[PDB]
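Single chain ahead, by itself, as structure tokens, in the form deposited without this ligand.
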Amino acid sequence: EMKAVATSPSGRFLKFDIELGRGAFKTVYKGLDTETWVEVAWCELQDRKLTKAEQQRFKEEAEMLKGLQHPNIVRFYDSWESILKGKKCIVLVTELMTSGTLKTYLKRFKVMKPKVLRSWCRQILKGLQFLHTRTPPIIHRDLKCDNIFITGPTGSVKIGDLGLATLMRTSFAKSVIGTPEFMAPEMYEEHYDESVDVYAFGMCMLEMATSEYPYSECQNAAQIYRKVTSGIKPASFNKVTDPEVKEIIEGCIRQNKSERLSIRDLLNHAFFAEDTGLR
């Protein structure tokens, strides 16, 4: 009756044949929560030939994401494996962010305004502080302007795509010294903590402030790797003259992770000051 073309296994969500966006290996359709009449994003992720072990790991992660409620985290409703009409995919139902990503929204503007930067970055930081104070802490690990989302008519900014990079990871991320047949399993382990999100946040803030992609002077990741592992900042950093924004970004992208500010230290900066209910 709704002009819907599909229903979730639970029956709770409808899919409409209305495409709202296209990213790499995913299509976002307009959906509807039949219980609340709230419009939602019905995201179809191309099957990445996942095994039975990986499918189990994401199912436990997906159940934990369902519980996250925070104003700066995109809400996660449900997920399942679909094979309708012979198309194999994973469906994710999430909160619908009508203006897409910050990367997409920023394409409409020439120069960043300081009041906008303050508002967007404060919201991102509040979402990260929420994630880092869960039990156990959640580390995003892949924060960028293309997975932070915005709703144009409110200016609400929310972090999205939690767990997506691990779910869609086609190969082992980076190359390691060794021969696979002889390499112990612990050589594939990844060592990181909350400060990887602090570093990513600083690069996001630099991108927003300068309206350009960091390290665009490098022709390939080999040069980036050599610059980054040498502690050389992106050239776009030289364009930041506002001393507060400069000191904020500097405190995030320090090479030594133990010297970076925490998310709460960043939220304490006078640049992000707001109102506390005290007058």
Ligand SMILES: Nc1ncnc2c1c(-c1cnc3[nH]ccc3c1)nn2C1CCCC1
The other form holds:
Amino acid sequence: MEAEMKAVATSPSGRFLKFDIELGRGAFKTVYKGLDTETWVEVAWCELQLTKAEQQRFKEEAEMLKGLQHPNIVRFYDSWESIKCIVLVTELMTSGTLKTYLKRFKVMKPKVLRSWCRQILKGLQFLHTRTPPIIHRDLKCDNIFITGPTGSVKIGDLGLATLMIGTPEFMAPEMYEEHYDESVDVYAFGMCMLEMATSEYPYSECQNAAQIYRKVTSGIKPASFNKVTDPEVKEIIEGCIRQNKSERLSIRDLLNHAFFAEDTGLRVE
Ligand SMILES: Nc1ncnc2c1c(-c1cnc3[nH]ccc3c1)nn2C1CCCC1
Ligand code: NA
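Return the form deposited with this ligand bound of this protein as a structure block, the form deposited without this ligand having already been given.
Zooming out: every chain and molecule, the one shown earlier first.
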């Protein structure tokens, strides 16, 4: 393309070029094709629409993210404020999210579900085993990404959520802080697996978040759970979305499950 011949912007350090090639857009981000000028690898140049405290915590967040290298984590390269928008440079995932990828297909193949879910678990395991552990807290099919031509599946949007009761005057500061452990990622994984397995959004029968909350704090499963054909798939999902977090499967349990073991390849025909 002509568009690939002419950069339209450069990062402050000169490392990354932006091209006027729009790869995707959502409510929060617009992603362009970029280029790493040192390696000539194409990257994702993501533009997002804060106090000096939030600015410093962000830079520290980004420095840690730069160290997170793993085959099932979208790699994070750099970030800065441009003037106006915020720019994050990450690994480019050519096929967008798993949510969009699933819209092209009618019924899930067991080999694909196996393979995608195994990759997601390894990414979560990688995050949970950092020093200190990283809990994604926002895992969903719309921030799990895929490169069509390899079938590589990688967790993205890490840190994005945290980048954007009582009476406030009388509220102790520690009541704003939320601590989650690994099990909220396991629950979210279970719902991703359910969505992949049914080609259907979970709790779609609900109209609002409160209805889901009434269902989800009453511990009654989404209608799609029963539309799961394979009993072993139903059992894995059930073990991930159990209401009481101490009853939930662990990531290690899931990854050791024979369901996720790889096969011996497809026979030549
Ligand atoms: N790396 C990518 N490659 C290809 N497409 C991508 C992405 C991302 C994306 C993925 N992970 C990210 N982490 C912080 C910002 C960010 C942006 N978002 N998008 C699309 C833009 C909105 C729908 C998905
Ligand atoms: Na454009």
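In this text, the rigid core denotes the largest set of C-alpha atoms whose superposition between the two forms falls within 1.5 Å. Numbering follows the first chain given and starts at 1.
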Taking the rigid core as reference, does the Cα of residue 109 move 2 Å or more between the two forms? no
Cα of residue 57, core superposed, displaced between the two forms by (Å) 1.2
